[PDB]
Structure formats: structure tokens, C-alpha cells
Amino acid sequence: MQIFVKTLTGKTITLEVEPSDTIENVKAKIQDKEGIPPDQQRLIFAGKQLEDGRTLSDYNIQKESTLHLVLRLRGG
Amino acid sequence: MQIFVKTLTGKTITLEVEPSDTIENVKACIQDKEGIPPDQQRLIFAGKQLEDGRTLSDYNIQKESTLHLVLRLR
Amino acid sequence: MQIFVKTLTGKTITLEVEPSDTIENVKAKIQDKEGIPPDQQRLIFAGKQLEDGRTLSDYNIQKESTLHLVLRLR
Amino acid sequence: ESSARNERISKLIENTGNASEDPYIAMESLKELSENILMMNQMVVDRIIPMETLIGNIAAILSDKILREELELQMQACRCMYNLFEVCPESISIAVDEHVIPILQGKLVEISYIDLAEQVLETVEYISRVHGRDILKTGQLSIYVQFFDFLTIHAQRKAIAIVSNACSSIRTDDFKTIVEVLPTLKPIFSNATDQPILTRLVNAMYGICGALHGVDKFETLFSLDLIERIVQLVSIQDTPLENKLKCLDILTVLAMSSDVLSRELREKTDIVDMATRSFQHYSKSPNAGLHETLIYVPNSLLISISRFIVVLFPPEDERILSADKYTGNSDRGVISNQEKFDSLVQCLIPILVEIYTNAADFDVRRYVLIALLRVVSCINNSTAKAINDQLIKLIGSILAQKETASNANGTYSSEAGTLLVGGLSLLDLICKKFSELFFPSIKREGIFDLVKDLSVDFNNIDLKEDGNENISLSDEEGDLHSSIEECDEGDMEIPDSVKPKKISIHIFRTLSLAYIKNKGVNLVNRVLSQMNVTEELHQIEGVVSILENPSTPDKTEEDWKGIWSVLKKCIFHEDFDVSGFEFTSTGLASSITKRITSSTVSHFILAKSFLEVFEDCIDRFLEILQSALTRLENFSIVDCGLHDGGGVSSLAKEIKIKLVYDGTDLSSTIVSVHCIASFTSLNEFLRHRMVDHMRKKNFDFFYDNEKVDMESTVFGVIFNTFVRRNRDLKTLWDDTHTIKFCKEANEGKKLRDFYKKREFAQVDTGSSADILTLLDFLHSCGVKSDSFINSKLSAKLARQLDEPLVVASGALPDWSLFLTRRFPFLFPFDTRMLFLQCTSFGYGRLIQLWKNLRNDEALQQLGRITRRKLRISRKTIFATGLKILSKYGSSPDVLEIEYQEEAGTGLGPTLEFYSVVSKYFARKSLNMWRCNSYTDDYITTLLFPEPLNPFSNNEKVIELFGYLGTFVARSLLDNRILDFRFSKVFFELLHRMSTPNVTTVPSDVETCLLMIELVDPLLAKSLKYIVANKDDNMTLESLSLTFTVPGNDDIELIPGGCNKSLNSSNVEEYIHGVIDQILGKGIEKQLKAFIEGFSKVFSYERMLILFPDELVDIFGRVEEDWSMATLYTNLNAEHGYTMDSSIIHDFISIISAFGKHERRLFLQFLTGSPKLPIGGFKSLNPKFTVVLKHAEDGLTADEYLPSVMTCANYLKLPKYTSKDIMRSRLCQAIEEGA
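Residue numbers (the authors' numbering), protein chains in the order written: chain C, 1 to 76; chain D, 1 to 74; chain E, 1 to 74; chain A, 164 to 654, 664 to 705, 711 to 839, 848 to 876, 905 to 956, 970 to 1078, 1086 to 1167, 1178 to 1477.
Same shape as in the complex, but just chain C:
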């Protein structure tokens, strides 16, 4: 299976995973494929902010589940 990731500028990237792996694993993968450090990354799906320690399977993620990536200054 695979999932889709949305940035704030609308460009589309494609992944290649299974119903497994963790949020830190996928943020490291996005760092690898885009050069964005994990502290400069924020993930939103189903209108909520994701958790680093949790995995993708616990968030009920299926094939081509189009998630979104968010950039914050933090920024308070």
C-alpha cells in the first residue's frame, strides 16, 4: 500500500509503506526525501495534530490516505 502527503503549497509526494511504522519513522522518511528537519514538521490528519510516539496503524490509516504536512515557527 501507500499514502499521500500534502504540504502547504499543494505539491504532492508519494510514499511506499505498509499499515505499520511510526510517526517518527515517516517524519524521518520525509526528511530524507525533502530535507526538512523533524522539528520543522507538523502533521495533521482528520483535523487534528498527530503525536510523535504513536504509529500510523493506531490512527486508522489505509491505502492512499491523503495526510497533510504543516510548517510552523514554534512560534508559541
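Misleading hints may appear alongside valid ones.
Mimicking DSS-like on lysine-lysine, the simulated pairs with C-alpha atoms at most 30 Å apart in a straight line are [as the list claims (entries may be wrong)]:
(1) C/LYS11 x A/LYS349
(2) D/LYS11 x E/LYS27
(3) A/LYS596 x A/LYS565
(4) A/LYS565 x D/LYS63
Honestly, the hints are just simulated from the structure, not real lab data.
Position chains D, E and A against the provided structure of chain C, taking the given hints into account.
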């Protein structure tokens, strides 16, 4: 965690909250432990006001973070 | 000398105490070791609930007797 | 400090204008300014800052091309100006003066740094609350919702509030602007779940329809998917009622203003389940049950679900009462499917027929009648075959209300006349279209006699009172879409949101007193023109003659088996049943009643014989009797001519009066007195108005020269006079009322005294007396209470309750008071409870609403309930509570229990006081109950008192029951959750004792023993064996038992009986002595003080409206709800998430496996009382929640325990992992809790 909310006269209260307790939940909690209605209370921390929609994790507030309470002048 | 304190699941912590030590001194030192605050800490021995105002020799607790610790709730 | 700080204030504002030449110092300038304004007040702020220059500089920063990429500065500028006009409301328009709104749109056009956008959206939304149209004026407001799926929560919901606020001030010229945003709000409304997001997207959609219903091309806005989600948003229970009504308001306008999608609402979407699921949310049993469900449905939703279904259908052939015109609705030649189009109607009629049946509001009946004669005109002969039954009885119930129309003056009320005219028109249409199908059933249910009587009545009504005394029969169809815009309402501090303009649809035409008769005479003449056209009725007459014959045997049970054997075959035919009219036509009810109320046979044998024959058709017999009582019902529901409807606004009423003592103060003084309080409180009002001889002036209120006591209400006797007069009640609010009259607060004694001299109102029920008599006989047989509730009487009583003025008037209709006490089985338990609170708890506990603002603001000043803390000690909880009654027994204050030298207060200690005290009333050492007796101290079995010892002292047992009475009475008045364990028999002895003119112990003896084994089966079988062989004297002496009380052999039944043994000489005396002792004279002494103490708080006489088996449940027998589905529906969850969560599924899976003791242990810890409140977890306020609990510090949450913030009401659940450790932890908590 355990935080401090200080009123305008220096009388500071203590809370037992969690980053999983919205913002409005601690507003309700202070509504229980004192008698100022929620709309007459404004939460100020690090200059920016604490909006009643987020959680404690989004505003980056930790233990021992003494914030101030502004009594809204409606 | 030391006494045995059983955790709520399998693990056991052993602490160096004295007969003159109190039931709140042990709470302070187990907070030093583990980190759980006393307000969420419950000390139980011989079924009855150990009130934290006595001393270890006030209840006449044995050297290697294993008083059970419970992370209580409110 | 202001002058010193000004040189830094104005410098920072200057730096904001210098941001072009200084892109970074302005950052901290804006930060420093925005920080301080948030921590100070506006009145200091207003006198210092040049706000116009502030916003000019901010616009210069936000619009400069140099500082576009200063994303770390644009955030700060937006935040600073947001806090600028957050504190100063009038500065909002100042920004609008220089095109700030168009500037802030540009940022949201393209973003690569969201922390600016979540500030811009949060800020511009606060503009839309004031200048909703100014945002709408720019007209590209689909920008705000393009980035919906990137905003976390608060921005996600504030990007909708702005659009809704700009979607509420819409006018006709903004048609294209809404088309701009509609494609971007359509899917996010189609996929939203948060309530503060679905309560804004419906206000916006309501505002759209409020303005654009006249604009052309309005059919293309609300497309199929959007109206489909609006339809399915009602079929889900979580949607509140307030949004539920709004959704129907949009949906009916989308069927009225157009026809294209009004066709869709009947062809594509399903309307039957649309109607069904909205009703069933208020149901109680999942196996419903349409008839009982509609009783609990609110009237507000009943109005809307009917005024929408009438709009969905095109108007009728003759528009007597409907006032619609719309052009494109004459297309009812389209009959392509007799299923896709007609399966709607053939099962919709069995919906709104019941809506009419179980509702009594004028608007609801009018709407539903209009809908009936609107939809029946569409069906044909083929489609009508399956709808014959319900309509006949419905119209029979409609036009049999003739008796209510006549006034005490003999005059007429137009309200009933409109209903009669509508029913007659429906009858005309059905007889004109389906004569062959409707001739038999109308004759069988007897409508022709009714229409003849109504023709006579219409002829008898006077006509010459016309002011416009030039009336022709053709005054037809005056204004019928001049009447949908005439009253549409909608033509400073900041609110939460801009409320859309309240649309008011009008489909009614008000009928004149002459026009109703003009239509009615022609209608009755017509139906009589079509009026022109079995031996089973003669068999009914033969059965009546047989019952009326005293020659028939009626003594042994062999007689009564044949008494009902013929009746069952006479009434219930293999095909249909005897209607409610034919049963009471030939006097069959009278024939049954005369035999029931004259025969000397005991009630036990009668009930046994009835149950031996009517084994399986008890409800089939109940329905015929209920229909008969509904038709024969003659009681006129009262009304007071309210100008504020059935709300607290009707509590806020006041009337100008000129009180006249039957100087000029006692004869002419115009003062607006409230129409709520009593004559005791009328004395109080005149005492207040005196500001002292007026204090002493207790009056015999001779309003119209009537000696009525002090117990009535300010307008109580006035309203009673205007009922016996039966004048125009509307003038009563305009009349300066000539009130005619002649001449312990320590607790204080409550003003529950409205019914000291009204409980004995023995009103005649007319020809329905026989029906009520055998209904009371049937309920005395101990049969289930399935169909004993009368639909229309319950509806009438509910309509009486939601008239606050009459309920608080103390002039409640005496038929209701008689029917509740005498026949408490015709009403639902909830209705009877509401009747109990209003008739029992006093004005202080009545006018304080709980009937769901400023309407009660003037009423809460005189109708509030007062708190009263009570301080006791834990180790002396029982004994101190005893003196608590002696001091504060009959107070009106809500009890509040406090424990000395303790800080934790609230409902916790209050629940922990009487819950412990009740168990202290279950102690064997008190010698109060039957402790078997054949270890500990507490009684764990069923509970019932023991007979006294006449020789021994008993000064304490009676006193303890006297205290228990005041405890138990105090419990119900305060809705307290108690755990006490009473027996069904104990309250049977209390209902029977307090009922006047009936023996407490039944004179029947085998009824008494059958009532005994519910207390002790050993003695019951011993006694029935004594009865069984009372002739075998060899066996009677084999027991060799003297006249001593069994179990307690120290008490003699009769003097000298301790020596005499049991034989056939005096076995009957032995039986009647042991019965008299264990159930009666031996135990009545407890009861005479129990009721004595019970009536201190409030009289037990009110409690007779309830049942013993429905009092044990409210006192702590009811089994609680613990099923899988019924619990998480009462969860609200949130914060993780609820999904999955694998910690919630198992947490609800464990709570189902609890035994009867784990449940009590967990409930006494989660709540404080060991038992669950009334009606399930719903009554818990608030609902019990599930909240995430994180891991601190590093140890796993699979070791910790479920936390509570000591306000629960709820729980916080740590991350457990394994099922077994969950079972260990939760149990260890619940047992360790106690």
C-alpha cells in the same frame, strides 16, 4: 502537569492539568475553584493570550509555568 | 538496613530506612527514587491502609516485610 | 506612569510606520505593544493610543511589498491589531475604513507559513461578528475555507464562524457571492463532526434561505448532496433539538420556495425514516412502539415535522384552512409508481394520525389536519384500500368534541369550531372519493349520528351578533401569499455569532366566527346528502340483557367463568373488534359495571376468573376500552388566554388590577401584579405594595361573591370565576381587574397548600364512569400496564402541564386531580412525576423553571430555592440526623450535608449522608424489621416490619418509623439518589391506609396470604396448609400450636390463647389473628407514625398517584442499564478520541461483566451514592466522560490507576495494555475504594 495561575493581586493558584485537557477544561476548573465566570477571565502566558480552543501542548506550557489571569472588563 | 516495597506489578523496590523514620519520610524518598508525587501514592501493609502520620516503628513493621505500594487515584 | 510610558508607546507606533525602513525593530515594537494592551483595560487604552494611526501603520506593514516576506513580522502585526480591536470594540469599524478586510484576504490567497494564516483567520473572524456585510461586500469569501484541512481545531472552526457571520447579513444583491463560497463549504459540511462547526454551518444555511428564497436560480444552490445531508442530519441522535428545528426550517423552505428539489425530497430521499428516527430518540424501549413514543416528543419538534410535511405536498381542492398559492403545484397527474410515491403515504398516514392523536396543541392539530386533507386528495381507489381503519376512528375522535364547544354562557369558542370544520371537510372528501370503501366502517364506528348532532348544534348557534352584518356564503381565498413575508422578522456588545434573520412561515388562515358556521352548515348538509345508503349488534344487546338478568348465577367461580366466556366471544370477532362506540352504545359497559359493583364475591375470585379466560387478549380488550374512553371523554381542557405562549415568558406576566374591598387604596389602585403566586402570596404582594394593618388583612376572597379560602393563587379564584362565567379570557389581560374580596416561617412552612381543600373534588365523568370502573377493576387484577395509558388523556394532561400559568394558578382542572389519584394508570410515569412535582412541591419549587433567561429574572426574585448547609459528624451520622428532622424537618431548603473538620463539600457529602443513614435503618439491633429471623448486623434480605409486643415497651420503634417517614419524604422532594430496600407490601399497606373509606388490610383472607408470601414464604405455606385441612382435626391438633405469634412466640394472639391449641373450633380466629398481627393491627402502629412523619414534609395523599412497584424502583430497587450499546451512547469522549482506542473498547467490555456487588462498589466511588440515578446515565449531570492520561515520568500507564479531578461526573483513563491487568486494576480500585 502542575502550573501556577496568578491573579492581579498576587494570589496564585495551583492546577493539576494535562496537555490532554484542552484549554476550556482548565477554564472550567478555575470556574470550579473560584467564582469569576469564564468570560470574565483572560489567560495570559508569554505575552500571547491563551485562546480557549487549543490544548496545553500547542502553546508549549510546561510544569511550574506561572501564568497570569486578566479579569475581563466587560 | 533496608525494607522491601512491592510495586503494583511484579517489580520490587528496596529502600534503606530506620525504625525512627516516618511514613512521610518514606514517601519523600520513594518520590526521590521513582518520581511519583505523594498525592498519588498510597502505602498499604497487612491489608489496612497506612496513614502517613506515624513512623515505621510506630506500626512495628518488620525488617524485610514487604509493605505494598499503590499508585492511588482521586 | 502614563506620561513616562507615552514616550515608549508613541515611539513604538512610529516604529510601526518605520517598518518600511526598519523591518525588524517593528517586530519587538508590535510585540511590546500587543503584550501590554492584553493585560490592561480599554479605558486607559482609549485615552492614549491614536487608533486610526495604529491601523494605518498596520495596513502599511501588511500591504508593503518590502515586508511581504517578513512572515515573522506579519504574524506580530496581525496579532497586535487583533488585540487592538479585541479590547476596543469601536476600533473594529476604524480598520474597516481603510480596507483592512481586503488586505487580510491577500495573505490567505497563498501561504507557505501557516502560523500567519491561523492568526489571520482568527483575526478576520472577529471582524465578521460586527461587520458581517463588510466582509460579504468584498465578495470573494471562499478564500477563508480553502485551507480548511490544515487548521488544527480553533482556526478550523474560526474559518467557519467568519463565513457564517458574513452569511447571515445577506441581501438580494449578493446572490453570486454565495455561489462563490458554496463549492468550498459543501464538502466540509458533508464531512464534519464537531458541534461548534455544525452549529455554524446551519446558521449560515438558514441565513441563505432567509434572504435568497425570492431570488431567481435559487434551485441550483442547495443541490442533491447538500439537501441529502440535511435530511440525514436529523436521523442521528447526537444533533441537539435547537439545531434540529433549524434544519427543518431550511428544509421546509427548500420545498416551499421551489418545486424541483421539493420533488426530490419525496422521490429520492426517504421521508418515513426521516420522521421515525427523530421521534424514536425520545423513546424508552428499543422495541417501540409508536403510540407511547409520541407522548414524550417535544411539541416544538411536532410543530416542525408537520409544517414541513404539509409544505412538501401541493394544496387541496377546497382551501378552507390552508392559505397557499404557489404556481407549480398543480402537477398531481404524475402517478408513475404506486410504490416509490405511495409507500410514502400509506405508512405516513399511520405516523401523522398518531401525531394528531397524542398531541393536543392547536397548531399541531391544525397542521396535521391540513396535511391529511392535502395528501388524501392525492391517493386513489387502488391506493386507499390499506388506509381505511385509522382514518375512520381518527375523524370519529375529531368531530366528537362537540361538548367542549358550548360555553358556560352557552356561547361558542372558535378554536373547536375550526377543528370540527376541518374534520368535516376531510369526511366530505373521503366520502366523495371512497364511498364504497368507507360506508361500512363509518356506520360501524358511528359517525353519522355524530354529524347529525353537529348539524343540529351548528343550526342552534346564534348568528345575529355580526358587526359586519352583511355576509354571503362566498367570501373566498383572500390573501394566501400576501402572508409569508408580512411578519418575517429581520427587516454595542459583540455576540458569539450573528444570528440569521428568524423566518416565520404562515400557512394558516384565521377563520371568523360567522365563516366557520357558514362552512359548517354546508359541509354537514353535504355529508348528510352522501349519508344516504349485522346481527352481532343484536348479539351485543342479548349479552346486555343476559348481564342485566339477575337470574344468571354470579356466586361461585363456575358462574364467572361463563360470565366472561360469552363476553369474549361477543366482543372479539375473528375478523374485527367491537368499536369503542358500540361497546358503550348498548350499555354493555353499564352491564359489566352493574355486575362487578353489586356482586358480593371477593375481588380475588373475580380476578382469578377474569385471568383464566382473558389469558392472551388483555391488550386487545384494553384498546377497545381506551378508544371508548377517548370518545366518551368530555372534560374541557382549561386555558387562560396567554399572550406569551407556554414558556417562562408566560411566568413573567403581570396584570393591571383595581382591587375592590367587597381609603381608595382598597377600592382603586392600578398595580401590575404577577399572575403566578398564591393568595397567601397575594397577601404577600399587598403587604409589599403597602410599603401595618394591611399585613394582618387575611381575606375571604369574595371574587364575584365567592367564599373561597386562602389557598388559591393571585388570579386563581378570578380565573375560576371567569370559567363559571366563561367570559372572553383575552379581555382578562386588558381588563383592569375588579378584584372583589373581604377580610411557621422558621423552616419555613412551604406554600404547598394549594390542595388542602381540593383533593376531594369528586367530579362526575358522565357516561365514561362505567369505562373507568372496569379499567380500575382490570388494573386491580395485577396485570401488566402495557395499554393502560390513555393516549389522548395523557396528551391533554401534558398540555395542561406545559401551560405554566394555569399550573401555577392552583386552579388545575378538578377532573385531572380526580383522575390522577383515582385512576393513576391512564398516564405515563414521567407525566405522573411531573404532575407530582407541580402539585406537591410549592411555588418555590415550581416557578423556578427546569422546564426546558430574563423571563424568569423578575420571577427568580420571589421563586428561588435556598441552600442550607447541614453540619454533622461521620461517627454520629444516624443520631444527629434524627435531631435534624426535629429542627429542620419541613423546610423548603434543598438539603446540603457538611461534615465537621472537613473541607471537601458539594453533592458528595450530601449523597454520603443519607446513603449511610439508610443502611443504618437496616440494622437488626433496632428491632424494626422482620430479620427473617430464622451473621453481622445488617439485613441483606427483603425488608418489612415486625409486630409489636403489647406488654413490652415500644417508645422507640414507633419513633424511629416516624423519623424514617420524614427521611423518605425528604428524599423525593429533593430528587436524591437513595439505596433503601423496601418491600412491595409495605407500600401497599401505605396506599390502602391513606385512601379514605377503604380497609388497610383486605377483608379477603386468601388475598392476604398471597400478599404474605412476598414477605415470608415459610409462614405463607404453613398458613395455607392450615386453611387446606381445617376439617381434619387430627392433623389440626398435630401441630399443637397455641395462639402465640409464629416466629416471635412471646406475643399472644388472644387472651388465654397461649394455653388453647389449634383445632377446627377456632382455626378461623387463629388465622384472622396471625394475619391481624403480622399484617395489620400488629404493624399498623408503625404506619400511623410513618405517614405522620411522611406528611410533615408533604402529605402522603399526593403519593397515591404512584404505584408500590414503581416506588420500590425509585427508592432503590430499579435495575440499572449496563448493556453494550446503551453505555457508550452516553459517552462523549474527546481527546483520544474516542478512537480506537483499544483502551475504551475493553473498558466498556469489563464494565458489563460486573456482578451486582462490583457495580455498587464502583458506583459509590465514581458518584458517591451506591446506586445509579433515575432513568439511566442520562440523568447524570454532566455525562461521565473518558479522558486521556499521559505517562509521567517514564513508567508505563499499565501500572497506574484511573484518575479523577475530584469533580466527577467523569474519569481519566490511563493507557492500560493487557485485559487481565485491566481487570485487576479496576477491581482493586473499586474494592480498595470502599
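These are the hints, each one checked on the structure:
1. Of the supplied pair hints, the one linking C/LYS11 and A/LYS349 holds, its CA atoms being roughly 24 Å apart against a limit of 30 Å.
2. Taking the CA atoms of D/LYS11 and E/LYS27, the gap is about 29 Å. The hint holds against a cut of 30 Å.
3. Restraint check for A/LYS596 and A/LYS565: the C-alpha separation of about 26 Å stays at or below 30 Å, so the hint holds.
4. Restraint check for A/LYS565 and D/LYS63: the C-alpha separation of about 76 Å exceeds 30 Å, so the hint is violated.
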